[PDB]
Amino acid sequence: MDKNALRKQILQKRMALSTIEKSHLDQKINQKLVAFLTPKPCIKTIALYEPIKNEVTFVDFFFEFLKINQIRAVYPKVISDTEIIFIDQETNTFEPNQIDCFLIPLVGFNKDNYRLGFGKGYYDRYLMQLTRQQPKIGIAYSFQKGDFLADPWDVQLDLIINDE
């Protein structure tokens, strides 16, 4: 129930995934991503992230999809203990509303699509700046569902794409 406690739980479970099991779960999920973006050609700049503690991985055929449809990928970079910004491969910084879609990493999400991160709350602060109704999409493994209650500052997220 408690955020901190829930983090620890899920965190331990995700670090148990088999190298083969995980690669399969990631395949199902990446396929959905491609399925999600196909009928949305107005998404030309998209925010991704660099998989860290056994987070869902973006695979090769996903990056090929973006490459072939000319969809630019931007990644997060921290500047302070509270601020995060996004940049493209050539280190060019993209403002919040220059991005059309956000694939957000997470440790947990509940039934109302709220998400749980590592605590600093970078995304809660950042996502609050969006003014173009950009989809806010959490990326996760089915078992990352958890029963915690959202705090007043938590940005809700439009959807949670997982292995199902």
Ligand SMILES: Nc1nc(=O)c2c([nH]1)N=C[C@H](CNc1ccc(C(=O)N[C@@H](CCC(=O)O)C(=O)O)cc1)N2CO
Second form
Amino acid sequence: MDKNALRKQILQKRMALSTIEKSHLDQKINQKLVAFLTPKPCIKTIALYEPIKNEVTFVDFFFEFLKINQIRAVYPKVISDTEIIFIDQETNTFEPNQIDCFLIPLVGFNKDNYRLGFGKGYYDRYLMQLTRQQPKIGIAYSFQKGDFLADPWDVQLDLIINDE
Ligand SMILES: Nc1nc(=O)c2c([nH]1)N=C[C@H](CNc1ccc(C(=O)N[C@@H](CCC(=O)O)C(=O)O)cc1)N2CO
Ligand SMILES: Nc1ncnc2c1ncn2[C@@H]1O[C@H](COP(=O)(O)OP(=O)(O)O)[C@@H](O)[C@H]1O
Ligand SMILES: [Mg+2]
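Previous: the form solved without the named molecule; requested now: the form solved in complex with the named molecule:
First the chain shown before, then all remaining chains and molecules of the complex.
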């Protein structure tokens, strides 16, 4: 349904979310997230993101679950307008394969688990460098589901953790 039309629609529905609901959906999601990792304590370095246009938020206790398990959290930083890189708190940059798992922010997703981002293409571009079959998990509210045809360059997400 044209990636652009489906963006404005979902993005707007997400911006109209009430604090209490958002809170109720982020809590649920962060919990499915903690229960998602524990059963495979192999992730030593994980890719997160800094919630922006009302995206799913990462809660305090989630950051604590990573703290007591010595898991490093690296975040995306746009270099120019070409590519993005991932760095940690001390600002050291970790190469693509130094990252064991990617928790990705998104606007929408279709039945084939393809992502719909801001339209820049940084993630599709980046996530092609992963040669370790690292998990590409999309984080999102259950209503971010959308019907759109994927382009040849679109990266397919392995799992889409949502409030369900
Ligand atoms: N929290 C988060 N959300 C994201 O979806 C996002 C992020 N992290 N992680 C890195 C990339 C970068 N996404 C970007 C999206 C848009 C523009 C951009 O074009 N900015 C406009 C601003 C609009 C304006 O004021 O005109 C510009 O042209 O300046 C840059 C980077 N990304 C994707 O998952
Ligand atoms: N892996 C890639 N290599 C080269 N160009 C890309 C790649 N991925 C995306 N692009 C370009 O960047 C743009 C990103 O648009 P789009 O895929 O719709 O963004 P989004 O993933 O945020 O929905 C596309 O028009 C495309 O031409
Ligand atoms: Mg794409």
